[PDB]
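These are the residues of each chain, in order.
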Amino acid sequence: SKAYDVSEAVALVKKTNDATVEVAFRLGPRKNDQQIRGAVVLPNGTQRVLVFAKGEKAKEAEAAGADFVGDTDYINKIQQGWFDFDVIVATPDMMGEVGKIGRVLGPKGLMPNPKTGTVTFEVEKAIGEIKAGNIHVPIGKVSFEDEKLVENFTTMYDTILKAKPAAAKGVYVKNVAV
Amino acid sequence: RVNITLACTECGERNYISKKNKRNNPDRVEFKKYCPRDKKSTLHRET
Amino acid sequence: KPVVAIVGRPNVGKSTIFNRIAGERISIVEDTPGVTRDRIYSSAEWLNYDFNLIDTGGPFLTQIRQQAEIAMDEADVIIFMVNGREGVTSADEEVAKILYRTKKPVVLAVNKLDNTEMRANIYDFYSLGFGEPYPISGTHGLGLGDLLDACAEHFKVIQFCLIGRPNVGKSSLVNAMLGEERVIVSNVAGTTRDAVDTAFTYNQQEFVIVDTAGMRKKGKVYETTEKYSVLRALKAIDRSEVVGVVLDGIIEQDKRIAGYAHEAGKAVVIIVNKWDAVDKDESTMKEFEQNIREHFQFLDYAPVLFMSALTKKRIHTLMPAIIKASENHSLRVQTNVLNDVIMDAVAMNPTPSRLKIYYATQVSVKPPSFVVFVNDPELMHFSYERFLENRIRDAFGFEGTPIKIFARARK
RNA sequence: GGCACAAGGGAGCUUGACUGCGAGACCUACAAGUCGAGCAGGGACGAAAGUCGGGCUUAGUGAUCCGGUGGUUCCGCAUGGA
RNA sequence: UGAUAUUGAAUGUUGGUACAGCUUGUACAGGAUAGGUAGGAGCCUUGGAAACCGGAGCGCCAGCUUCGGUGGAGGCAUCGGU
RNA sequence: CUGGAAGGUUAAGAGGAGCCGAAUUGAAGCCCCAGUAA
Ligand SMILES: Nc1nc2c(ncn2[C@@H]2O[C@H](COP(=O)(O)OP(=O)(O)NP(=O)(O)O)[C@@H](O)[C@H]2O)c(=O)[nH]1
Ligand SMILES: Nc1nc2c(ncn2[C@@H]2O[C@H](COP(=O)(O)OP(=O)(O)NP(=O)(O)O)[C@@H](O)[C@H]2O)c(=O)[nH]1
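Protein chains in written order, with the deposited numbering: chain Y, 18 to 34, 39 to 49, 52 to 68, 72 to 157, 168 to 214; chain Z, 2 to 48; chain W, 3 to 60, 67 to 164, 175 to 267, 271 to 373, 378 to 436.
Be aware that one or more of the hints could be misleading.
Claimed, not checked - Calculated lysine-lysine pairs in the DSS-like style (CA-CA distance at most 25 Å, straight line):
1. W/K164 <-> Z/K23
2. Y/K134 <-> W/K105
3. W/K307 <-> Y/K54
4. W/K112 <-> Y/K126
5. W/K333 <-> W/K345
6. W/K307 <-> W/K333
7. W/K111 <-> Y/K134
8. Y/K103 <-> Y/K83
9. Y/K141 <-> W/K120
10. W/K345 <-> Y/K126
It is worth saying that the hints were derived from the structure and are not from the lab.
Can you make the complete structure from the sequences, with help from the hints?
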């Protein structure tokens, strides 16, 4: 019945366990025009990112920490197989070509789309930062200390609010479930 | 006879408008001429 | 022949596309509420191929959506429009749920992309798990070639109209005629929005009925271009030759509604509805019979018919009435016989400074029309013109149709 | 008003049957309105130079105040955006 | 010719809101045949957990959701993918 | 014009088998009841 505080819930989701502390947030479609879906680099913070870099952009992609780049087309290797691993990003030139292949990325949630900051010319800066109207966000672990998830939820809430959606009218906040 | 518009393939916009007979040519024809935007001639098809 | 249908959500350029395929009958505005409210048919042409087209809609929402499901099944291939600018919405999956259980072919389309730079952002549209999206634009004719082929891949008489004022029962009238649920009926005025075609055969004879959603007062039409729908009624009148008028068992606008039809040179028939509502006993019909005769005198040839949609009485007599008006509206006469009687009229009325009559002949047969060769075109009097009119309408039938009369000079 | 050097026929694909653009006839009231010089960009059997079409004018009513939809290195009333 | 302030007092008839608590989504899988967000970090236990027999809602008229004492520290097994 | 459903038809069809049309459904209208004559 009682709404706890932020300084209490970080110390208490220690006790709700090495598990991962995640946050749900009910948003306030009618408002799809100014919907609230997104990604931001995190403060208090293993992935396997595979890139689709084209041209010279592969040359800076092999030194940042990526596992496999490609031989400029391995979607034929993606056809009939392809246990995908963690994250797929791309570049704004071959995205259309990969896209015209079908929904091998539709119901699997890895389709490159430049609304998320994942399809850009800065592939070296993109590898290094990734490593019904609702958003899910993993802010961290159980084993993090009490001062880590406070900055993590603060950064994510300031990101949500920094993004005060248009048609701001009416309540924006409905629920925080830590 | 009916009226027909031609569409660019490379550039991708309507450029030429003309007329053809349905019966004599029941299929879609490949016309080849200039697309001004491309600064270069490209194939055209009708919609 | 193959039948194609388009479904979707409010604001997806559907009616717009349908119009761009062929014609502009479909009403087009910019707002959430104003959408096509029911099925409508047409014809198309794409190579040897010649399929049709079914247009659907996005208060009362259950009915139209149900009507859309009716279309859904009896269709051959499915066109599923969706917007491109704002990505994926809740309503998209909502409709996708029924599409998944709809064991029919699906071709997806993406609108609102009218420039090359906007052609992208299609990868995101891979959720449906359907085939390849093909962009299209409404303002411009972009990307339609790929779409049509996408459809062609799976691809293998008289007309009369009914008009009136809103909230009279005109929609109930039609559906009952066919005996089929075809158009939406509601107790609120102006439920229907735009004209709907319906083709059917009666007694080895095919017919085409049309609705016009009723019309309010001419000063009463101040809305978000709902005149844009009113004009569609006007075009419909031009399309067909016979008009039936429906009054509920009299207001001057009903006379004004009959105004456009009479001047149009189109046969017009008087019909009443809801006869069950009023008292129904001996000699009741006379009161209305002379009231309409007294009110309406600039028309006389219109026969009077009685029907009640709810109880479905006398509805059979309505159709035949229409056929009789037809040939009357398309009938020529022997010029010898016509001029044979013109003089008898002048013999009995030798008081036309004096007009002279020499000749009269039928020219326009589409609508009973003729021309008289007189000495002085100015010397006439409209009453005398009204005199020669009745005489001819009494020599022969010419009933249920108007007559236009012309008077050329001697020359 | 043509005598084939403008009614046959492989290829040359093919409505440049185009995007830029301009000296004279007109009617000469002009506006308007029309018809035909002259030229960069490859764009052709093309090789020597031939290309803005169905070889008499005869049309898609007036093509417009017909824009309400769209690209904007143009303005934006105190400074940013709208 | 319908709304709204004068316009106040109690009966029952109901509604609409919100707030809790309980319950609901059988589907082409998975001990059957369930809506948008993590592959565990098992429960011993209990109208049966094998079989075992009530109760609706029901049923997708299939066969389930738990209120759930016999066998019962036995049981399915977090666990996999018509 | 008035009821009371009986007598069937169901009506173009909606549907269609063989070969244009099976079966099978299908409002009215025909008193199929008189009173009524406006
Ligand atoms: N910018 C832009 N606007 C478009 C395009 N196509 C349609 N629209 C706009 O979208 C409006 C909605 O289209 P409309 O056909 O009226 O939709 P509707 O009649 O409600 N039927 P439905 O909602 O199912 O599509 C149009 O009035 C037009 O202004 C397009 O390609 N680009
Ligand atoms: N009692 C009675 N009611 C009728 C009759 N015909 C129609 N109605 C009712 O009168 C209302 C009018 O419905 P509707 O057919 O939409 O009339 P409309 O509005 O004039 N047609 P539209 O919707 O196209 O504008 C409905 O509630 C209908 O049930 C009739 O003969 N008798």
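Here's how the hints hold up against the structure:
1. W/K164 <-> Z/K23: 19 Å, holds
2. Y/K134 <-> W/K105: Distance ~18 Å between Y/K134 and W/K105 Cα, so the pair holds.
3. W/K307 <-> Y/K54: Status violated; Cα separation ~61 Å.
4. W/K112 <-> Y/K126: 23 Å, holds
5. W/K333 <-> W/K345: 22 Å, holds
6. W/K307 <-> W/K333: 21 Å, holds
7. W/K111 <-> Y/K134: 24 Å, holds
8. Y/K103 <-> Y/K83: Roughly 21 Å between the alpha carbons, so the hint for Y/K103 and Y/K83 holds.
9. Y/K141 <-> W/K120: 17 Å, holds
10. W/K345 <-> Y/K126: 61 Å, violated
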